[PDB]
Each structure stands twice: as structure tokens, then as C-alpha cells.
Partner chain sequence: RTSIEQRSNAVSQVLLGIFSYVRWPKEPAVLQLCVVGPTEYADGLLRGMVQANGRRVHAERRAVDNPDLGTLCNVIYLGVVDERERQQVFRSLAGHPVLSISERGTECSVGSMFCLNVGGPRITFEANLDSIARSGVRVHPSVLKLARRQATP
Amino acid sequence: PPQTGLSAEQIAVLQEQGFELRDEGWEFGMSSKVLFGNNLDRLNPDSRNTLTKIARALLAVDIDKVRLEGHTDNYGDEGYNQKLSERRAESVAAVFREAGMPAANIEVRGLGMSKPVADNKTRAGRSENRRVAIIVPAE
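Output the coordinates of this single chain in the form solved without its partner chain.
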């Protein structure tokens, strides 16, 4: 399949919103520390507003299908981190639905600690791993 499903107008929005093109599509990893702070799956209220802006920016150029993927670092129990990561992605999904993203077009996954982008030996690396990613397919 050619990766020509997105127009330049759509790519431009993805770039401005912080997305980078990766193997599974355009991806923006959002810091869980920023999104949730000390909470479990409840979003900071300011972060809810931030997320709504991103959803609306995407919807304004007809990017109306996303995958939301939750991730953790390697601290704690693996099953718990998987559950936490799924619930965190689901919280983001709720905000995207409220902004108008069609519910049938949102796929939610929790990957727990299984797909790190950084080394878990460092606080910085662990924080980079604690994220919720938005993925927009390029197909």
C-alpha cells in the first residue's frame, strides 16, 4: 500500500502538532507526567483542554481516525502497568470522543512496558517511556 492517504494540508497539521513519521504512521508521544500528573487515569483538567485542542486541530483537516496507545516504564508489576496503560489511553479516547472524533474511528491499546522508546535505567528515560501516543496512519 502506498502511504499517500494524507494530503500536504493534513501533514502540515500533524507536523505542527508534534507528530513524527514512524513505521506505523504519524506518531505523537504525550508525556504521562504532563497528562495525568499524580493521578492514575484521571486527566489533569488543563491537560484535558490541551488534548481537546489537538483533537480539534486534527478534525479541522479531516483527520478523523486515530490509534491511542498507552505505555509505561518498567517500574512495578507488568500486569498492572499494562492495565494502567490501557486505562490511560482510554481516558484520552474519552476526550477525543467529546471533541467530536467519531468513536468507531478510535482504537485504544495498552502496551504496558513492552515497547519502550528510551532506556529505563534513567529517570528521564523512564519518563519518556511513560506516555500516551497518538498514531495517525499514513496509508
Given for the second form:
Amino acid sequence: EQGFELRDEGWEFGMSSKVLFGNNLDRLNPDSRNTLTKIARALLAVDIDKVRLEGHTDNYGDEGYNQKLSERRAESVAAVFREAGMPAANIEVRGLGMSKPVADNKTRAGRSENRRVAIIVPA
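Switching from the form solved without its partner chain: structure of the form solved in complex with its partner chain?
All you get below is the one chain by itself.
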């Protein structure tokens, strides 16, 4: 329970840390590009050197295309992690396409939150 001693430093997993993408875009606006560098630096400082990147699309489109879309999104994020020190092999890339939503696609808001890469840290 050593986590209680933690003051205000290094809390880089807040609401801002979401990795979202514009409609049909697979490349990181420099806002998120930075968000990622922060994150990737944050992971390295705690001796984690390996993650899995899972890309998703929203609803619009045929699955095949969105699958391919999602994978690209993931790989765009992977490059940042590469440029931040993480061995590329230690960076698994997966594309889940429109199959696994986190939000209501019946809503514009939701759809934005669905076009995301999700950083998972494996044990």
C-alpha cells in the first residue's frame, strides 16, 4: 500500500489521456502525439517496457475496412512508443475494428469515444 505516500506528481492517466481519432483518420493530432509521449515515458519510468495496442473504429463503414482502419490507428500509436524507447517487438499490435465498442454508436459523442486506441499493459 505504498501508494498512499504519493503527492501530486506524475498522474498521467486522467481523462485527457484518451487516444481518440477523427472520423476515418488514422493519424495522431499533435495533442494526442504528446499525450502518448507522456504516457510512454510514464510507463518506462516504472520499468514496464511492453504493451499491447488495440485499435477500434466506430460504427460507420463495412467491417473489413474498419478492421484495417483500427490496425492502422494502433500502428500509429506504436510508432510513438517506439520513438519513446520501447522495443518494437515489445509492442503488440491488434485491430478490433467496430466489433468492441466502449460507447453508444447511436450518438455522435459515443462514436468519437469509439475511434480510439486502447493501451493495455500486460503482466
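Whichever C-alpha set is largest while still superposing within 1.5 Å between the two forms counts as the rigid core. Numbering follows the first chain given and starts at 1.
- Once the cores line up, the CA of residue 29 ends up 2 angstroms or more apart between these two forms.
- Residue 46: CA moves 2 Å or more between these two forms after rigid-core fitting.
- Core superposition gives residue 84 a CA displacement of 0.9 Å between these two forms.
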